[PDB]
Each structure stands twice: as C-alpha cells, then as structure tokens.
Amino acid sequence: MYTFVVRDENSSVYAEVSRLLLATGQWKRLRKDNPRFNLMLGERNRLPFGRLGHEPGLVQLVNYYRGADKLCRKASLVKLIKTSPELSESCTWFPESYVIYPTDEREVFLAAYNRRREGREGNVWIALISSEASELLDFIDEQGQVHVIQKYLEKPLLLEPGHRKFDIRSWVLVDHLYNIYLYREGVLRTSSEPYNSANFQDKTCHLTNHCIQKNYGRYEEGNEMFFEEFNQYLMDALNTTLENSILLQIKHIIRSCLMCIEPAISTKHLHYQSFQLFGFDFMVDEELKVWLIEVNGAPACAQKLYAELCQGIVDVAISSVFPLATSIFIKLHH
Amino acid sequence: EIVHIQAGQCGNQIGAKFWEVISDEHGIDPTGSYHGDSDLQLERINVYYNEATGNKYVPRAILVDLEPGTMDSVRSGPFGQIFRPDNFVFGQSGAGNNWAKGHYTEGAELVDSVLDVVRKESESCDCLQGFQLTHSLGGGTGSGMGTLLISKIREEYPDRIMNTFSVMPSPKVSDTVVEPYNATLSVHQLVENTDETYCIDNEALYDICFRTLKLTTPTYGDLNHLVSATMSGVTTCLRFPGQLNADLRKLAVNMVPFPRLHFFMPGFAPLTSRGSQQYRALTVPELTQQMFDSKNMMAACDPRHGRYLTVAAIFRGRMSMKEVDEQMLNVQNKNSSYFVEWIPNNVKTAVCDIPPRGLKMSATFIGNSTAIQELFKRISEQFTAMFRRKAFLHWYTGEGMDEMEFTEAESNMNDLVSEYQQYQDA
Amino acid sequence: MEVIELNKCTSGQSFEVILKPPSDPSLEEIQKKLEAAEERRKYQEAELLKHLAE
Amino acid sequence: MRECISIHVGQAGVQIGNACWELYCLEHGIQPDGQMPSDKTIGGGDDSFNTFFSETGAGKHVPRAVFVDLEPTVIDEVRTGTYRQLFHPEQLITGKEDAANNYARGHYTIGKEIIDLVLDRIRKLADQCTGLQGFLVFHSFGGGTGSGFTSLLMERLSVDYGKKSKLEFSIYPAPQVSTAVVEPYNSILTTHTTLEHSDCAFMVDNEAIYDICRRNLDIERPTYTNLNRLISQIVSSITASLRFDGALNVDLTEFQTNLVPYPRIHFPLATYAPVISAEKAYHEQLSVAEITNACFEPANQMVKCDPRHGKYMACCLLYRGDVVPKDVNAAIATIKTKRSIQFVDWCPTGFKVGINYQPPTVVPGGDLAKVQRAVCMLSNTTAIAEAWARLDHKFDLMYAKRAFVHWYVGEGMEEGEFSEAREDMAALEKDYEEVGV
Ligand SMILES: CCC[C@H](Nc1nc(-c2ccc(NC(=O)NCC)c(OC)c2)ncc1C)c1cccnc1
Ligand SMILES: Nc1nc2c(ncn2[C@@H]2O[C@H](COP(=O)(O)OP(=O)(O)OP(=O)(O)O)[C@@H](O)[C@H]2O)c(=O)[nH]1
Ligand SMILES: Nc1ncnc2c1ncn2[C@@H]1O[C@H](COP(=O)(O)OP(=O)(O)CP(=O)(O)O)[C@@H](O)[C@H]1O
Ligand SMILES: Nc1nc2c(ncn2[C@@H]2O[C@H](COP(=O)(O)OP(=O)(O)O)[C@@H](O)[C@H]2O)c(=O)[nH]1
Ligand SMILES: [Ca+2]
Ligand SMILES: [Mg+2]
Ligand SMILES: [Mg+2]
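Top line first, the protein sequences correspond to chains F, B, E and A.
Residues 1 to 103, 126 to 149, 161 to 247, 252 to 362, 372 to 380, numbered by the entry's author numbering, are exactly what the first sequence covers, in order.
Position one of the second sequence corresponds to residue 3 (the entry's author numbering), numbered consecutively onward.
Residues 6 to 28, 44 to 74, numbered by the entry's author numbering, are exactly what the third sequence covers, in order.
Position one of the fourth sequence corresponds to residue 1 (the entry's author numbering), numbered consecutively onward.
Source of the hints: derived by calculation from the structure; they are not laboratory data.
Every residue gets a Cβ at the ideal spot worked out from N, C-alpha and C, and that includes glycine.
Just to be clear, a hint being listed does not mean it is correct.
[To be verified] Per label pair, the in silico range of CB-to-CB distance:
hint: 1; chain 1: E; residue 1: 73; chain 2: A; residue 2: 80; range: 30 to 36 Å
hint: 2; chain 1: A; residue 1: 340; chain 2: F; residue 2: 323; range: 35 to 41 Å
hint: 3; chain 1: B; residue 1: 390; chain 2: E; residue 2: 72; range: 27 to 33 Å
hint: 4; chain 1: F; residue 1: 178; chain 2: B; residue 2: 426; range: 43 to 49 Å
hint: 5; chain 1: F; residue 1: 348; chain 2: A; residue 2: 340; range: 33 to 39 Å
hint: 6; chain 1: E; residue 1: 72; chain 2: B; residue 2: 244; range: 36 to 42 Å
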C-alpha cells in the first residue's frame, strides 16, 4: 500500500493521475502536510525539494525535476541555448532571440536589426508582433517584467483548405532513470481564421493559443487536429509523412534539449527521485523545417488524450518505482 | 535511584507481584541474595534495590495500607521476606472503599509516618531521580491516601519525577458502587501531581483474560499477571543497560507535550496466561502487529478513535534490530493518520537483549493517545448517574466533604476530556 | 588552469588553482540573563508551594 | 607554534572526541600511556603536533582537551578507557543529573551551577599556552547539554577570550538514531545563541553518516561506534593542517579567511572519499580523479543536499596519501566540464588544494580499509541551507501547537526566546537565498 499527496489542485493532468492511483486500491491519498508519503504531486511554485528523501523507510518520488525551470522559462531558455556548447549560438532549430530588460543584450539585438533592414529581408519580430524595433522596446518598458525578443517566422506552413496557421504540441515524459519518452499522440493547435501576411495587428490568426481562438470549430472540433489527420494531409498535399518531414526534427530537438540539462537535474544518485511531464511547442515553416518555440513545465493535455497519457504516467513513471501485485511512448534513445 | 511505594489492597498486590517478577530477572532470591550468571543483572540494580550488609539486595519499596490484612499476606508471600521490615507502615481502621477516609481522616492520621520512611530511603540515595506508586483509584486507601502521599511527596520533593501505575475501576470487576466517585476524585489529583500515569483498566484486563486468554472466570491473580508483566516491561530500560541511555526524566519530557496530558495506554505482547507455556516464539512482524492491536491494550480504549501524540516501544530478546526498525517504520507509514503530524517522528523504539521469564521475546507498548479520553468519559458517565441523585454521598459528607468538591472533580475531569479532544482534530 | 602559491615541504605540498576570476554581550549581561531565569523558576516554585499550602 | 584547545560537550561531543584523540595518537605515533618515541625533544618543544598536545618532564604527551558532561555515564568510560592514562582528572568534568534533552535546562538551570568550574579548568590549559589561537568545540544540536550548555560556554569564551577564534563540530539531528522528539527545538535555540560567537562550524548530519555506513561499509545497523570512527576521520582531515607541516589552513584564523567570506554564513559542507569496507576482500584502489569526482556526489557529503542548485563561496581540497598537483589539476579540469559548479560573482572560481603524503590512518579492528589516497572537500555552498529548511519546518510544526514548550518555560526560559530564535533562523535562510539565487 503506497501513499501519496496532492499539492496542486489546478493540475488537470495529475487530477486524473490521483484518480487513477486511488482506483487501483493500492494507493492511498494523505493530507497535504503529511510527510510520510511515497509520491508527491507537488506545487508549481516553491516546491520544497530540500525536504524530500529524508524520511527513513520511505522511497520518495516527486513529479517535478528540480532545476528544470531553466528550460521552461522564456528568458532562461535563450540563455541556456546560447551559453551551452551542446546547442551553441549557431542553433539551427531555435529562432534568433535576445533577452531584454525594462529600463541585458539590447545593443546586441539592434545589431541584428540593422542587417535585416540593410538587407531588405523579413524583419518582423515578436515579444506583440511588430516590424519596428521602437514599437517593441517601448512595449516591454511599459509592461514591467522581463521579456524576450524573438524573430518572427514570416513564412509558416499553412494548412488547406483555409490557409491557416498552426503549432504542434508534443508531450514528453522523463522518468527517474531519465528515459526520454515521447507520447505518440501530439496535437496541432490550429488557427481558424486565415493567415494575414500584411496586418500583424490582428493577432487572432498569428497566435494559435486554444484560449484566443475560443470561426472556432469550423474545420476540426475545437481547433485541434490530431496526428492521423495531419499525417493524411501531408501525404495528399505534400506527398510525405509526419514521421519524415517533421517528427524526426521534433525527436531531435526534444532529445537535444534534455541531454543538455541532464547533468544539472538528474536524480540518478540522489536521496530522492524525480520525473516530469513536459510540453514542447513547435512551429513548422513552409519548407517543412521545425522550430522550437518554448517548453512547458506544467502542461495541460487534450481532452481526447487525458485517459491514455495519464494512464501512461502511472505505468512508466510511478508504477516503475512502486510496482503493483503495446507502449504509447517512443523512447528517444541516447 | 527510584523510591517505590504501594498503597492499599490492589497497590500492594500488584506491587508485590512486580517485585516478584523483576527479582527473578535480576537473579535475586526471596532471601535477598544474588544468584545469576550475567553481570548485566547487577549493572543497574541500584535503581530499585538498596545494597545491604552481606551480599543481599533489599527493594527500595514502601508498603502502605490502612488495613493490616493485605500487608500480612505480602509478608507471608513468596518474596515476603525480601522487603525491609521498617518499611511496613499500616493502620488498623481501614478505609472502607472511601476516598474521604483515605485522603482526609483515617489516612491523614498515618501519612506522616509514611513520609518518614520515604525520607529515610531518599537520604540513602546517591541521586534520587523520582518516585513510583502502585494503587487502585476505586477504593479508599490506594485512591485517597495514595493521592494524599503524592501531594505531600511533591511538596518535599518538588523537582523529582512522580510516576503512577493506577488501576482503573470497572463494573465488570467491581467491589463497590462508589468506585466512580473515588476514581473521579483521584483523577483530579493525578492530573496535577504526576508526570506519568499508566492507565491500567480492569475492564481491559478482564476482557484480555476472557476473550483472548480464554479464562472463563478470571481472578485478581490472572489480572495481576498482566500488570506485573507490563510493569516489568516498561521498566526494562531502567533496570538493564542497553543502547538507550535510559533516564526517568527524559521519558517524561519526550512523552508529555502538555503537562495535564500524561495518561498513557500500556500494552504488551504476546499475551499469556498464568503458567500456560506457549512454545512458539513470535516473529518481529507478529510482535509489532499485536502490540499495536487494541486487544493488547491494558486500557479499554480503541486507539483508532483517537490519535497518538507519542509512542514508546521496547522489544525484549535476541532479534534483528534492523527487522524491528523496518516493522516499526511500516506501521507508521501504513497508518500515518493515527499519528499527529505536529510532532515529527513521535514513535521511538528500543531493544533489550534480556527477555522476560517464560518468553524468548516480547514487546511492551506505551502510547500517549487521545483515545484515552474514552476511559475518562466512561468514569464520568458512571459518576453523573449517581451524583445527579446525590446517591451514596452520605459516606463522604460524614467524613467532612462537601458536594462542591464533587462538582469540582466532575468539572476538572470533563476539562481533561475536552483537552484531549482538542488535539484529536488538530 | 593557473596554479599559484605552490609551497612544498617534506610532509606534502599545497597550492591554489584558479579557473576564473570574479565579476557581543558582556559578563554583566550574561549573568543577568541567567539570574532572570532563576527568579522565574523561584516564582513558579513559590506558586506551587502556595497552591499546595491552600 | 600556536596551541589549540578542544572542548567536548555532551554525549556526542565526548564520544566523538574520544574517536578523534584515539585517531590523533595513532597518526602522530603516540601510545596510550602518552609516550611518543619519535619525539626527541623530551619535556617540551614547539612542533606542529604540539598544537594539540603539551608535554610533561616525564615525556608524556597530553591532549589539550577538556571533556564536559552533566552526567558521568559517558565520561566515566574515558576515565576507564584504553586511553585513560592519556588524560588527567582535571580535564574530565562530570555533573550529577543531565539536561534531559532540554536546552533551557542545560543553558539556564544546570548550566549556571557549573559554568564557572568549566571555565576554570579551561583557564588552566590556557595558561599552559604560549600563544593560544582558539578553540575546537564538539557537541550535538539535539542534546540538552550539547545544545544548552554549549551556547552558554560559547558566550563566556567570547568574553574571556575575545581575540580568540572558535570553531564548531556539530551533530545535526537525525530521527533514525535519535531517541528524543524535541531536538528541533534545541537545535534552533543553540544555533541562534551560538551564531555570533562561532566563526566556522562543520555540521555532520547523522542521517548522512548513517547511510554511508550502510551503503559503503555494508553495516546493516550502524552504532555510534561506527558513526564516530568515520566522523573522526573527517575531523582528522580538517585538523591535519593544524597538526602537521604545511602552508594551507595552518591556523584557525585561516579557516575563516578561506571558507567564510560572510560571517553569518559560516557552515562549510564537508565531503569525504573513499569510504571502503575493511572486510571487503578485493578492492581496486581509486585514483585521484575518481576520489576527487566523488567529492561532488551527494551520497558522500556529511549533509545530504544538492550543491548543483546553489552557489559556492569557497572550496578547499584536502588530500591524504599518494597525490601530486598534476593529477589534481587534471582531475579538476575534467570535473569542471562535467558538473554544475556555480560560484558567486564576487568570488573567484577556484580550488585551494592541500596535500599530505601520509595516507589516512585507520584504527585497527575498525570498519575502514587502508587506502592509498583519500580526500576531504570543504565547500561553502548555499545548498547546505536545505538542512536549515528541513529543521525549521519541524520546529514550526511543533511550535504551532506549543508542544513541549512548558518544559522549557519551567526551567526559567521565556517563550519569547523560541520565536526570537526562529526569527534569527528565518533571517539566516534569507541570507542563503540572497547569495544563492
Ligand atoms: C517517545 C519515546 C522516547 C523515549 N526516550 C527515552 N526514554 C527513556 C526511558 C526511560 C525510562 C523508561 N522506563 C520507564 O519505566 N520509565 C518510567 C518509570 C523508558 O521506557 C520507555 C524509557 N530514557 C531516555 C530517553 C531518551 C524512548 C525512546 C526509545 C524507546 N522508548 C522510549
Ligand atoms: N554521531 C553521533 N551522534 C550522537 C552520539 N551520541 C549522541 N548523539 C546524538 O546527539 C543527540 C542527543 O544529544 P546527546 O549528546 O545524546 O545529549 P547530551 O548532549 O548529553 O545532552 P543531555 O540531554 O543532557 O543528555 C541525538 O540526536 C543523537 O543522535 C554519538 O556518539 N555520535
Ligand atoms: N518566432 C515566432 N514566429 C512565429 N510565430 C510565433 C513565434 N513565436 C510564437 N509564435 C506564435 O505565437 C504564439 C506564442 O505563444 P507562446 O508559446 O509564446 O506562449 P505560451 O506560453 O502561452 C504557449 P503555452 O500556453 O502552451 O505555454 C505561439 O502559439 C505561436 O503560435
Ligand atoms: N487487578 C486488581 N485489581 C484490584 C485488586 N484488588 C482491588 N482491585 C481494584 O481496586 C478497586 C478496589 O480498591 P481497593 O483495592 O479495595 O482499595 P483499598 O481500599 O486501598 O485497598 C476495585 O475497583 C478493583 O478493581 C487486585 O488484586 N487486582
Ligand atoms: Ca617535543
Ligand atoms: Mg478491596
Ligand atoms: Mg547526555
């Protein structure tokens, strides 16, 4: 009889996990501040890692990797890729980005802005989306917090019919052995309104967040195209598959990012253990070249996939540590 | 050193039984002479025994009563000769199961004589640590005079530890109808003037003898076999050297987070009847499971109806301390809800290499549970049932008591109940 | 990289390697605290013997 | 030469002290009867080992140590121990009844009636010193004596010996071997009162030592004898520079300079390797690179924490055995590129290395195997704050209900001292935070 605690109520993912665990009749839920637990579904902020793995006679496990925030923060991700020799400044799959502080590398950003202007090529950027540097720097100083300036992909792959923009969400699970598991079912969070190349003011077709969109539900249910449909579209329209044209680059980017920070977050020889579910956001251009947008440390799943993914987390991340009395994941070997 | 006292019929009969058991463990004969094989038996014998001229050890015990009946049975008992003759302090009138007689009139006439023996024993101690009393709360002498002694011992020794092995009354094992009165009046004294009170419920001892030991009609002898075994159990760490550098005060400190809440639930495993040798030794998981079970509690209270504040466990015999560590950590992790979270690691354990007589290994349990309130609530209901009609009250008013003092005792015990309830929901 | 302050002897040797450069109460008071605690103990003990006297 | 006086308080301090002085004697070649055949300067001298020993005309070498406990149980085993002749009665002080795991009882009540005696016996040793630099205090956080009386002693020493330094070897409480429940109280209380008086304190979590004895020595149930032998080895590595010829950490003041830039943050993390079982038949001797790399494994630290998620302010490497600077720098270069070693911006990213050619001595019949080379890393990392966080949490859980508080109040202490102590610890955790992130 294993025991666990829940310290994040807003977690739609681990609300299902806790439900699944209790349903096995071998997992009991304790109170929040009960230290005698085997599994901790911890909070998103101020997770007390320092209090884990100090309970005698208890193998403890947490659903978050300490230090993984360096990957899941926009300001941190840029610094991580730029400073790490494994990824380097000459990273092919990450858009040109710079860190900007409200009144740092602002002078470094303007240096690239000149080449774009004195080269007569695409000079559009994103934080709001604008082509003028002055309009951007004034916006950052007016917000308050730190922001990242990034190159805008002016030539995205556009779905037909509709001429629509989209982004790809991949769910990655890293267990305690640091096996990088890629959930086979991803989702395309598509735009319903056609992509406007000229007017960047209309952010309803530039930003593909599920919240903004909610022409909602015209092409597919809930502006969410799963892989079977998108794969079929690539075969019919572009005479290729999702595996070759896109997914190889995805698996490469996912694996490369996690291999980089592995020695900084690994719990191989620690007194407590860690696993975590990540949400990689990608962006495909017209030449079928994949770009990494960001990484989410506390991602939400798709309604169709909650039953399968949440069950998966129990199998490989939890039950692997705490056994009980074909696979949905793709193991990115390294 | 510890100064032992035993007051009244019950007190002297469990007290004598207690000295009988540990005397055998320390290798001391009724003659008083040591006859063992291990020096371990004598390394901490000074705690309970004074060394006399010759090679004979004399218990640091003081036998008190208002009737010579029981004390004459002790002196003619098995280890009747071991006791110091001067330490026999007895009246002639008796107490007639009357708390008033024992605390105010008959006992007050004798209490000074007792203290003279206590002082004479204390002045012989190199460094007196505390006292311990064996008595019942249902009668008159052990209940009334026993608490009177406690009050006066505290006045002269206000910085010493005071422990008690108090036998609680029960209708299942009852001598008179006025037992709830005597007990309620006694608890009032115990809440104030004791560091530790081991609540020994005759209801529990009876049920154990009947339901578990399968004794159809248990005598007071069958009941006392359980008490003596438990008492030998709790005092194990004090009487034998081990990893736990035992100390009277340290137990009182680590077991009692709040001064009034010092009423413990004793437990023992395996449960055994008189003379009935059982030949199968229990595994460590079996010892751990039984000692925590309600059937093994000497206080008729369901621990699942409350929460453990602190727990002391003492295993005896040759066994893997690792296996003990695993099984103890297992119980807590399996049932962590029954332990308060605002006292981290409140379950401590120790192991003594020397087992008790008759058993290859055993386990003794001392729990400070909030479930003990069930005991006090039980006495309270029996008390109220009579007091609302002021029944049998003339026995007490005749000795000079007033109805107000009963109302005060009723109130103070109800405060103890609610105080135990306060931390059951924390 | 850079080893500096190398000192050697028969028993051993010590040095420093740099990889990168940077970028009370008095006796009066004590005796007063200890005695203040003693008075608080004496007060509590007096209240007990006063309570027991009653 | 400048002398150093060792002070052992409480059960933990005394028993650990015995393990250390036992080990010191074996290292310097001193016999149980105090005789030192290799010491050709009979009757006195001022060699490096005289920092911890004084000499009699008879040629006996006595520890500059004072044992103090409020209970005679433990110190009596020193009076009758195998090194009984080594010390003399005036060094061993014992009381009648202990502090009963109560800080207030050890500090105020019983502490007051013996503090003058201890300081007098300490003053006797201080008079035998031509140039005293400071004190090494051994004690536990959990014990009433180790916590209570030590804080009082540390206060008076700062008054009676203002210019003198004072280092601590503290045992951080661990439920796995502890038998008390109120040790979080005593720990917060003694840390608060001692903080301003201590220049540098080496914490040793019993949890860490306990698991190292289980994992690396294959001892199912480690006893205090097992723990103390291993602890004494770490302490020996730290104090070797004071007892042997060298140029790194040759006086107590240098410990502060090298390991403690900020005064309040004076808790260096110790990491030791290799720990090998003596009953292990076949052992491939580890190299400089392997043992130096092991100094960055959390499983080898005296306190379990994660240095990766913190910042360094200083780092010293203390080798013993067959080691040379070349192999060290080669090992450092490899480790630097493979591990997360973040220093604070206002400190140089570097390592102060110290080597002693004599390999680490082990007690005959002990659990440790003789190794060709060993190392002890002293690194002042903010990651050790995790130990304060763990402890203060346990404190808050108990104090929220005022559990066991009446025991402290009953000894003359004010309840305000609980919160005032907890506030100081809250300030300390903040200091680590500012530096760490
Ligand atoms: C929460 C319980 C903590 C308790 N700790 C101690 N317990 C004792 C101790 C002293 C006397 C006894 N025996 C007694 O009979 N005491 C009352 C007369 C004892 O039995 C439990 C423990 N001494 C020192 C310590 C530190 C303890 C530890 C291990 C096992 N049992 C009790
Ligand atoms: N490592 C180690 N820890 C010890 C040793 N002895 C005691 N301890 C620890 O010290 C804590 C309790 O403090 P003690 O030293 O035993 O008590 P004390 O200092 O004598 O103070 P008192 O309460 O008056 O007895 C416990 O948590 C133990 O784990 C020891 O020999 N080695
Ligand atoms: N460099 C770029 N070029 C083109 N489009 C971009 C871009 N960066 C972001 N976008 C688009 O703008 C949106 C920005 O969303 P972003 O991912 O930055 O915010 P977010 O953090 O809310 C994602 P999530 O909510 O899943 O965590 C992305 O959905 C993408 O659709
Ligand atoms: N276990 C046990 N309980 C007893 C014994 N004698 C009396 N009692 C209990 O004590 C109460 C009677 O008190 P009593 O011993 O007569 O007190 P006394 O007047 O001081 O002698 C009853 O409730 C009994 O349950 C005994 O020999 N064994
Ligand atoms: Ca000399
Ligand atoms: Mg009777
Ligand atoms: Mg002690």
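* To do: Go ahead and decide if the range 27 to 33 Å is satisfied by the Cβ distance of residue 390 (chain B) to residue 72 (chain E).
  => holds, 32 Å
* Asked: Per the hint of 43 to 49 Å, is the separation of the Cβ atoms of residue 178 (chain F) and residue 426 (chain B) within bounds?
  -> holds, 47 Å
* Is the hinted range of 33 to 39 Å satisfied by the C-beta distance from residue 348 (chain F) to residue 340 (chain A)? -> holds, 34 Å
* Asked: Okay, residue 340 (chain A) versus residue 323 (chain F) on CB: inside 35 to 41 Å?
  -> Distance hint for residue 340 (chain A), residue 323 (chain F) holds at roughly 40 Å.
* Okay, residue 72 (chain E) versus residue 244 (chain B) on CB: inside 36 to 42 Å? -> Roughly 37 Å apart at Cβ, these two residues keep to the hinted range, so it holds.
* Indicate whether the distance between the beta carbons of residue 73 (chain E) and residue 80 (chain A) respects the range 30 to 36 Å. => violated, 48 Å
Going through the hint list in order, the structure does not satisfy hint 1, though it satisfies all others.
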